[PDB]
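Next up is one chain by itself, shown in structure tokens, the form deposited without the ligand.
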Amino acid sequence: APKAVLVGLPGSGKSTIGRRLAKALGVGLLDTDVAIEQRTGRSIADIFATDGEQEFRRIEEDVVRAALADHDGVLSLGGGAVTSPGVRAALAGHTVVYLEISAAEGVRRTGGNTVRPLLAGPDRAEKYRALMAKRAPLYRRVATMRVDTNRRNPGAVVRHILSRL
């Protein structure tokens, strides 16, 4: 089982805290989105655009279940993985760290244009708050550890988690 599975909204720090937490533990980081692009050679988008949700999610769940079983390092879950009941079911029993972030800070951390599909240019703040009302309850449900990242720098978040593992 993974040392920790990180979940949270876009920009809550899944990739960043995941990378730094993994480095600290001397283990590898497995990001489900990446495992998907590598498994299919297709980018996240093409899959969506082409196959769409149901098919992506099915693939994503497939990747998550395998990672939860084979990966012993840090696992960062794609932001929407928790919307699949099969994923929430597979997570039961695992150490799940929910990186919490306010909408104001979250939307500002993602302004990097690093490819945030569900956060188009037109009124991102409004879209981010909607995404939060929708995903937040799910993260809280699967979370075994809730970590507030609002005023904590990445190092402090990492140390906070390490202390509770």
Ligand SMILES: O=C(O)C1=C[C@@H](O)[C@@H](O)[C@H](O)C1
Contents of the next structure:
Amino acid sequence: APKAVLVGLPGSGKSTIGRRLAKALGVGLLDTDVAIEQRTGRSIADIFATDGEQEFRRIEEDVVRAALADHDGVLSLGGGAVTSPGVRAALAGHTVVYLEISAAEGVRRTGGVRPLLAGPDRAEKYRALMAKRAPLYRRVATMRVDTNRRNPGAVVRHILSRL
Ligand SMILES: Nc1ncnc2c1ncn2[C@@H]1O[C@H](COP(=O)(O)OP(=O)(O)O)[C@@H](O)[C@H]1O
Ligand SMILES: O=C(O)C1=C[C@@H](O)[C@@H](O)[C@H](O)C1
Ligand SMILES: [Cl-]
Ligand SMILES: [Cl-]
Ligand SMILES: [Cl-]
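Could you output the structure for the form solved in complex with the ligand, given that the previous block was the form deposited without the ligand?
Starting with the chain above, the whole complex follows.
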């Protein structure tokens, strides 16, 4: 089982903190998004525009379950994995770190790709994403970490200390 599973909105820091957390613990980082693009050979943005969410979610879910079982390092899920009921059930019992972030900072971090965030009105879309998913992240989380006024190193240490 992963030493920690990272969840949160896009831009909350799953990929960044996961890497640094991994390097700290001395284990590998498995980023479900990355893993996906491999089992598919295609990019996530292309799977979205070619198969849609329901399909990306089933793939994601299959990767997540596998990772939860075979990966002992740090696991970082895709921003919306928690929307799949199967992913939420598979997480039960695991160490799940919920990286919290405000909508203002979150949107500014994701400035620069995300199929669900992209295009105009990212502030509105980001906020909608938060309203929808906030409840889900909180349900699966065993550890909530506020990343608003904490630089990466501080978030990593805050987590390391509570593991
Ligand atoms: N604690 C933090 N404070 C400052 N910037 C951060 C923090 N965590 C993440 N970032 C930055 O925010 C951007 C998105 O982080 P990323 O790990 O890609 O998010 P996610 O994997 O959740 O989409 C990156 O450029 C990263 O350097
Ligand atoms: O918030 C989401 O639904 C997503 C976030 C990214 O990490 C990727 O998993 C993909 O772009 C979907
Ligand atoms: Cl399983
Ligand atoms: Cl590992
Ligand atoms: Cl299960």
